[PDB]
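Starting off, we have a lone chain in the form solved without its partner chain, written out as structure tokens.
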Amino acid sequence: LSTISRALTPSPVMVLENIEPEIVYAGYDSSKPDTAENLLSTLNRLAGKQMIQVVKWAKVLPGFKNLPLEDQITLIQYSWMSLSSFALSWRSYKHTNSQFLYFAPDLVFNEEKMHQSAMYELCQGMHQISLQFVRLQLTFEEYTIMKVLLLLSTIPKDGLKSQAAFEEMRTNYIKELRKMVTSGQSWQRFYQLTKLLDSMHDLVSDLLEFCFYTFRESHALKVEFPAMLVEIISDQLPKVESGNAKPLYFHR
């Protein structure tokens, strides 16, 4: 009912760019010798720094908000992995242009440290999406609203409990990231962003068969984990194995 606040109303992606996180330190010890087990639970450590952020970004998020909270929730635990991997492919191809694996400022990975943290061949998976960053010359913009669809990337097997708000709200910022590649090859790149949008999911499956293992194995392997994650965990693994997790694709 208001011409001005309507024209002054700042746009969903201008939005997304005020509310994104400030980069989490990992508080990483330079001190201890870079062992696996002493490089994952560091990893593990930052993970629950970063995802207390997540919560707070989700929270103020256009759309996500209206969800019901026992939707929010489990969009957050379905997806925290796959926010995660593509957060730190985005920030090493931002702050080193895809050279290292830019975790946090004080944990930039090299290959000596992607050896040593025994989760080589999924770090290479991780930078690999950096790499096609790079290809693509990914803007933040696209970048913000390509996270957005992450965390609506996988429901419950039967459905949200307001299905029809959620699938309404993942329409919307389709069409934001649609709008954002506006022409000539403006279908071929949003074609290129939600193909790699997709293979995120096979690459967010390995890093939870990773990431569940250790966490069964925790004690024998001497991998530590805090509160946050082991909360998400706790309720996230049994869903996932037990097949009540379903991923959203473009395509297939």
Contents of the next structure:
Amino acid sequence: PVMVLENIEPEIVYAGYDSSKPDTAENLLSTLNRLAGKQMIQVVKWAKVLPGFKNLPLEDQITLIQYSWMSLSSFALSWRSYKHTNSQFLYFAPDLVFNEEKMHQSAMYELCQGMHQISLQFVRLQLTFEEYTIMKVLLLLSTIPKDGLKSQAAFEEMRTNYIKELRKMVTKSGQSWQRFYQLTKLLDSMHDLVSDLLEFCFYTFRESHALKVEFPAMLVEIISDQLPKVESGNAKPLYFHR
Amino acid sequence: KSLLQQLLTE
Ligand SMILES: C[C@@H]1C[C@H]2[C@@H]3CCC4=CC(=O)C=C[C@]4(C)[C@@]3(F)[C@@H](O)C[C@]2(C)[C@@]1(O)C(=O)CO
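So that was the form solved without its partner chain. Now I'd like the form deposited with its partner chain bound, please.
What follows is the entire complex, opening with the chain shown before.
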């Protein structure tokens, strides 16, 4: 599956950001949401051809993408931050890199700091691309409905196979045992982060009109379905620890 | 047909 993940890995997406324009929160947040829309088209194309995922019913595929989109987006952001800047900045796109200054102007400074902490962890662990690609699949399968999916057994089989796949990757001991522990603790830490990101996302989505924070059609459809489920307690995060 | 539906059933 590791060779498959390397080939289907989505190419970098440009924000189309103009650096000579004013750094207002409305402009910054709207640019990032339009970027999220373009990135998510690739994410869904990547998901569609994943070994095992293609065997889940379409309704379970939609549920998993709607629950995990924020986690996949933040994890990929930290991956680019690590690979292009050695986790000094938040590399949203090649033409949109956040420093402390942009973080303050985006009106989401603490959440940016929270997303930066994950990039810092990637530098500390010296995360490999192979480890990253399996962890991304585990994030796609990290949240399910409270009453489970339509094909819960098929889901559990796929997820166990990807956990085993991560164990096989780190065994390439002692250090490999500590690595599996550290990579799975890092996966669980995404739940707390994503909970805070979605809180601000849901607020800006509700207050889109007053705030003038644009959302592309891709994000409107996902958030319209996701928001009622999360807010009513229908989401069930899956943890490796606790 | 939603955008997620379209992209998963191409
Ligand atoms: C705090 C939230 C979390 C944000 C997201 C965090 C993860 C992310 C990484 C990217 O590479 C591009 C866009 C996204 C996916 C994002 F940066 C934007 O979409 C804006 C976002 C939703 C947010 O700032 C808003 O709600 C703005 O409305």
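Residue numbers count along the first chain shown, from 1. Note that the rigid core is defined as the largest set of C-alphas that superpose within 1.5 Å between two forms.
S.K.: Looking at 32, 65, 195, 216, which has a Cα shift of 2 angstroms or more between the two forms when the rigid core is held fixed?
M.R.: Only 32 moves by 2 Å or more at its C-alpha.
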